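Every protein chain of the complex appears in place save one, which is left out.
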Amino acid sequence: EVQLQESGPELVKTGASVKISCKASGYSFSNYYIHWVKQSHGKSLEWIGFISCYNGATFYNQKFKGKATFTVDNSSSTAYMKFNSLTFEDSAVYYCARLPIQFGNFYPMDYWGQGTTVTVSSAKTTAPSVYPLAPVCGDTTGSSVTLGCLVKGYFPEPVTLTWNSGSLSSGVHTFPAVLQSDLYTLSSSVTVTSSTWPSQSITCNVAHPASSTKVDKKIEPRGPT
Amino acid sequence: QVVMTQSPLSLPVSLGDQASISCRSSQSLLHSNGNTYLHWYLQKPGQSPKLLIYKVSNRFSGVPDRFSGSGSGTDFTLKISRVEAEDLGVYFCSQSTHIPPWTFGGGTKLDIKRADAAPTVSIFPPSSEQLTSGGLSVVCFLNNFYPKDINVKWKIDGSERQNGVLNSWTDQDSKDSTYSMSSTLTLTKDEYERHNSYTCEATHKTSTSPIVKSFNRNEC
Partner (left out) sequence: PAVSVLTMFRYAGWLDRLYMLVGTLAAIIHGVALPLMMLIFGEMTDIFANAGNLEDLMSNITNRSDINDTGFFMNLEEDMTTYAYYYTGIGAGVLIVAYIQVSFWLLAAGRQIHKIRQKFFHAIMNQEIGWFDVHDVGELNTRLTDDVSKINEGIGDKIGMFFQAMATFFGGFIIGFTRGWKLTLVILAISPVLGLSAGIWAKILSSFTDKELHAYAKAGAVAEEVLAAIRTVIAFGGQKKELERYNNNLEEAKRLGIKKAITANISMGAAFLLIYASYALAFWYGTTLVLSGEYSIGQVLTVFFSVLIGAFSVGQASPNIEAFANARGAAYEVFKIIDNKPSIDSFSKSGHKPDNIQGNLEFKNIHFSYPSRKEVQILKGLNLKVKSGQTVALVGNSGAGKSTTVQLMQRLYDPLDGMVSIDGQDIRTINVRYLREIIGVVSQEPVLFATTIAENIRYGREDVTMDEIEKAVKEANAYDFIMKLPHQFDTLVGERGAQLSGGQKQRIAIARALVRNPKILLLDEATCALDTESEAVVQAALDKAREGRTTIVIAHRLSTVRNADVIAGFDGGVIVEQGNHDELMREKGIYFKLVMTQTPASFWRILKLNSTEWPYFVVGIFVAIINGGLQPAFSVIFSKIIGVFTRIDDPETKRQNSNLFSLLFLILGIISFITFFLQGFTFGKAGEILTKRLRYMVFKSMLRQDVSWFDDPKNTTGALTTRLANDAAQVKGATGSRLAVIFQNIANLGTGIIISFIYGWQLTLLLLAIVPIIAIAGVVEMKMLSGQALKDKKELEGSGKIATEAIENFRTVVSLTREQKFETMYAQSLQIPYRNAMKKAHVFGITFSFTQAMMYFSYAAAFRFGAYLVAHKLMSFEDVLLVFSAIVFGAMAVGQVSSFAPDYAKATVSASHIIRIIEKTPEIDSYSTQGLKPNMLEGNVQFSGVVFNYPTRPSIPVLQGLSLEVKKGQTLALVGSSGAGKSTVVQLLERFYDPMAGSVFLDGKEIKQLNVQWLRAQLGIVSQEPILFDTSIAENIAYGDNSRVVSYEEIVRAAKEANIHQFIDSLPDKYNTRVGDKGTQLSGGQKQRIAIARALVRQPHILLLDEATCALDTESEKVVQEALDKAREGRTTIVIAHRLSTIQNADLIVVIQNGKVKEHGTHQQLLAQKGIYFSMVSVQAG
């Protein structure tokens, strides 16, 4: 049993600091350097720095100097970094690894935290805009049909979207939230037959916690326009 | 600061065979001691990254005999011999033997090697409520393809547009072994009164013929 568990996801506004923690359990804590490493979305693992974790003797990367500050807590056996003066280029997934001090550089970073995602924003808690996406009007040539619903412009993470109140799971594709003009955007689609819809019912049940919102968009075909 | 070019980029392994992943550095990773220090890690999504191989040929306490690595100098390889379904994550190669950056490799996913198939396309116009509220969003859904090498083509009235585009891909579907993506343009309302032909196209390896879909504005 050796485990490094980290805190939960953060949703911090721009400029204010955030303090993120790497709690260690199951080993002799007073030996291993705690390396903090950074991973953006779809990029290489950047290296932030480390702490000596016996006495907190830091060493920062040249890029992340000043706009990152490490500290420890020996009694509760945790590590911390306060990552002050945020920008949009600091929303990422942060990991902590342990390295043996007795032979560093010559031994792998062998145990790792599960990663804490820090999402840095500047916007306010915004209600979504749920829009139905009927098929294009005119021909219906295929016996299979795809129905869409897109949740536009919301904030913050996440939106719990659900098709047909949970009774339809035969082609539910729900994409990650794409960011535009510091406001999220999510999309969803389903596939049923041409004799199913518009003969039966179909609706998109969109639920957002922080705006306490449950929009029920029963999709209708595009009529004359 | 040796910049590692880990060469795979995404690796289509099938089930029950061997697939090799290459890590090519840009400086000789041979220390003054006759020891080459690069390390191979596994990483599943949601969980922590596991150390898998260290010092290209050794092995860590608790990992089975399917994982062995070879190579030297600036050419490195790990061997996925007789792959299971339990090791399907992103693999990456640490380290620089020359500290302090500890430069990591990029990453290498794995896969299932489904047989190939061309995607399905559909264009959805901007909804009526967004026309009421003040914007437009054309959304091209295209589902159930393989592999993850697809290039979407937005073209308005036969003319290029390369900005204000929204691409979104989904991950490896663990029942059907396909992918999907969809694209989206939200533009200002007035621009919808300036064009008719909106075309979404798919450029994928399974067809030299592009998967074209189009609509004009006036008809219904």
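In this document, chain identifiers A and B correspond to the written order of the chains, with residue numbering beginning at 1 in each.
We adopt the following convention: a contact is a pair of C-beta atoms (placed from the backbone, for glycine too) under 8 Å apart; a residue touches a chain by one contact, two chains touch by 3 or more.
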item	value
Residue in contact with the excluded chain [from A:3, A:30 or A:195]	A:30
Positions on chain B contacted by the hidden chain, ascending	33, 35, 98-100
Chain A residues that touch the omitted chain in the full complex	27-28, 30-32, 52, 54-55, 57, 59, 100-107
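Definition applied: only the chains that are shown with their structure count from here on.
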item	value
Averaged-CA centre spacing for the pair chain B and chain A, given as whole angstrom	18
Residues on chain A engaged by chain B in the complex (per definition of touch)	4, 35, 37, 43-45, 47, 59, 61, 95, 105-115, 129, 131-138, 146, 148, 150, 152, 173-176, 178, 180, 185, 187, 189, 191, 222, 224-225
Chain B residues touching chain A - in the complex, by the definition given at the top	35, 37, 39, 41, 46-51, 54, 60, 92, 94-95, 97, 99-107, 120, 122-125, 127-130, 133, 137, 139, 141, 143, 166-170, 180-182, 184, 186, 215, 219-220
